[PDB]
Amino acid sequence: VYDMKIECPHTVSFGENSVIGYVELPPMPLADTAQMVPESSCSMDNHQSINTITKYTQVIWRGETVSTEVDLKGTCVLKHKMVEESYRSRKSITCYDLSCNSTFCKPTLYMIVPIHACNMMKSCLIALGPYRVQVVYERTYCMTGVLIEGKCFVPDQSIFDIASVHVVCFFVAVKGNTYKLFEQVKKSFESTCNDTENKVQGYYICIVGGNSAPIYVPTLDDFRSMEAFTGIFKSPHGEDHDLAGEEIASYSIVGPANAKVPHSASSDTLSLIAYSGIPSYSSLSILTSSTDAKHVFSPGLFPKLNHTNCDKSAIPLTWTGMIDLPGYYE
Amino acid sequence: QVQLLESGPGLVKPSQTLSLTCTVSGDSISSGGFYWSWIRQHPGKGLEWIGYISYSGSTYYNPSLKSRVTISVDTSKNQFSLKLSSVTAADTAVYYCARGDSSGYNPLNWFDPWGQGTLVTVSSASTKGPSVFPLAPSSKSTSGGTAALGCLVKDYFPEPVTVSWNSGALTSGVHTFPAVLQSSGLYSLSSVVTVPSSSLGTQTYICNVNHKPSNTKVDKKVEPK
Amino acid sequence: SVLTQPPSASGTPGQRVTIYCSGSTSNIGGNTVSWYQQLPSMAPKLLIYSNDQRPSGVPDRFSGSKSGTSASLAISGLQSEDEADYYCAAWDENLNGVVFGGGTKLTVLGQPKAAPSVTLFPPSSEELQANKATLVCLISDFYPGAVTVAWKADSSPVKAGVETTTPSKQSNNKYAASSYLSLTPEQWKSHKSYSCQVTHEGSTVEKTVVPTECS
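Protein chains in written order, with the working numbering: chain A, 271 to 600; chain B, 1321 to 1545; chain C, 194 to 408.
One chain only, chain A, in its complex shape:
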């Protein structure tokens, strides 16, 4: 019986905020992934949160990568207005991401709950395969401040006082002229790209401090959205290398390897950097040149994310990071 902490402050101070609580797990072997099917009493969503089955291109590396059109369950592949229509009905969302070497798979489970349930949902249980997990809500004595290493921090609207706060981002795959995210990538990083080698359309949705209204990325006139964009794309490998007990970095960087996405591809659509040892970097991403978000799972591989060259690349699905915000204490 594991535990996941949902951090509730005493008050919310208006705003349609959702709280996020996530925790990682001890691992399981490689080929066990498909067995994982979660049950819950606090998924609460209309068959959309837990029942996330997605067409992936499993890249089994050997030796030598093997692309296979596989189907995965429980991933954090989010959809348009998912958080929103979850909020209006006071229902929840839950997903998990994976960091996998050639042999093992460390999970990371996020749960997203509207703040309208810091009192109703005081405790809960959710089971994922070999692990039960009690979802424990936990009150801090903060009014609305997020608890950051002993102090209650409160954005915004003010000398100025400013700190760095945690933020969780998930990619939402939506198609339309207004979602050409790679165009913003080019306009704000001066990489040598164009619109055909990079066609995936979508955006990111993020929550800050475990209690915040969602932040869409990118939007030009949002201070926090552009902060998140800078953070996400200056470290797409995730701004937290160290998973639960991986400070002594043993990255057997095996090296670059090509793969098809999907398996039926005529040539190699994705470049990767195979590794082994300790799984710390996430293993779920999305292929870039495909208009449809053709999701990719890569065990024992760091997919190519550096967009210095604008072809045969991938973008992360989830991302946990830190960005700068103005606040107050006492």
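Hints may be right or wrong, so weigh each one.
[To be verified] Residues of chain B clear of chain A, computed beta-carbon distances all greater than 10 Å: (1) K1365; (2) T1408; (3) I1526.
[To be verified] Quick look at which bits of chain A chain B covers, simulated, 3 or more residues with Cβ under 8 Å: (4) 347 to 354; (5) 446 to 456.
Since the hints were made in silico from the structure, they are not lab data.
A virtual CB, placed ideally from N, CA and C, is assigned to each residue, including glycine.
Chain A is fixed; fit chains B and C onto it per the hints.
Below, chains B and C alone, put in the same frame as chain A:
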């Protein structure tokens, strides 16, 4: 690419119920989370939003037309439908379907993309398939070895009809003119195409004329006399 | 139309043309504006959303903004192909719906005075077999868009039987119009020649046809 496409009868008589259907493509309609919307535009007039429905069943109609408007949904078949009851001569318009979105949390804010629309004309009269005629290039229209020829489309109701050339292979240098509301209550138009003289003896030019409210599909060949 | 737009705005290439949209607190005061450009007789197209954002394939010549209950679309660097109709749209809560402005007819002036291209077609060998005949006159690629139509026969004009449509801007910033003549075929070959005359800016362009050709 995501595209919306409208379909329905071009003519609906007064005091009937008008049905139209928009089909989505490129995006899965259940991956939408969008406000799927019907909008219309009277001839020479501006825009007016009819209503929307969400992928669950939320019917949000314009207060003016909520009495008459019904909006069907079909999640299993990627479609939604409009059913405006008690139509009169006032409701004649171009009807567009749109994928209205709402950026963040607030309701409908913008429409992207759009279907290319369909013209529903209302009049208690009936439909007539037009008649197509050639308009030959004689020795009267050349300027430097280049001239033009035409296809006449005559005596139809209601709008619209369409004329293309060479099954779409001929696009550049083709111009078609607005139809006319004659005193006879009939519409007529013409499609002219400009080409050099060279191809009068080794190339063919056929215009294809279509009229939806009458099922009329005519491939008419234009040659010098 | 709850949102109030100016009816028409106009300019010349290289301007900064601004188009307005004024509503109340119930529509623009609390919800975002989107901007739409509709080209001549075409389905609309999104230009601005979230009051300033640009879709892909939108030039920053088009910027947008909104303050209080009133919004503006700023075409900084006006160009020729911007001759269209501009609508503003926003969500009104007291009406619980989406409202459009009255549209803004934008005219790009400064284009030079032009001469009309006149085309004339006599009835076909097919149409003369249907108790009817039709002669057609085409006026294309002229500026301004005003016309006067005069049909003649042997230096002597005629008036009736001619249906003439309103002139139309094309996609290439130049204007065109059509003139249709329907006759009993007896009076198609009861006169020597038929001539079409286009009057524009004072001047005239003329064309002629005869039936003694190969029928």
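- Query: Within the assertion that chain B covers the stretch 446 to 456 of chain A, do at least three residues meet a Cβ-to-Cβ distance smaller than 8 Å?
  - Reply: Holds: 3 residues of the stretch 446 to 456 of chain A have a Cβ under 8 Å from chain B.
- Item | Distal placement of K1365(B) relative to chain A, Cβ over 10 Å | holds, 27 Å
- Query: Does the claim that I1526(B) lies off the interface hold, with its Cβ farther than 10 Å from every Cβ of chain A?
  - Reply: holds, 36 Å
- Task: Taking the shortest Cβ-to-Cβ distance between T1408(B) and chain A, state whether it exceeds 10 Å.
- Result: holds, 36 Å
- Quick check: the stretch 347 to 354 of chain A, covered by chain B? Criterion 3+ residues, Cβ under 8 Å. holds (count 5)
In this structure, none of the earlier numbered hints is contradicted; all agree with it.
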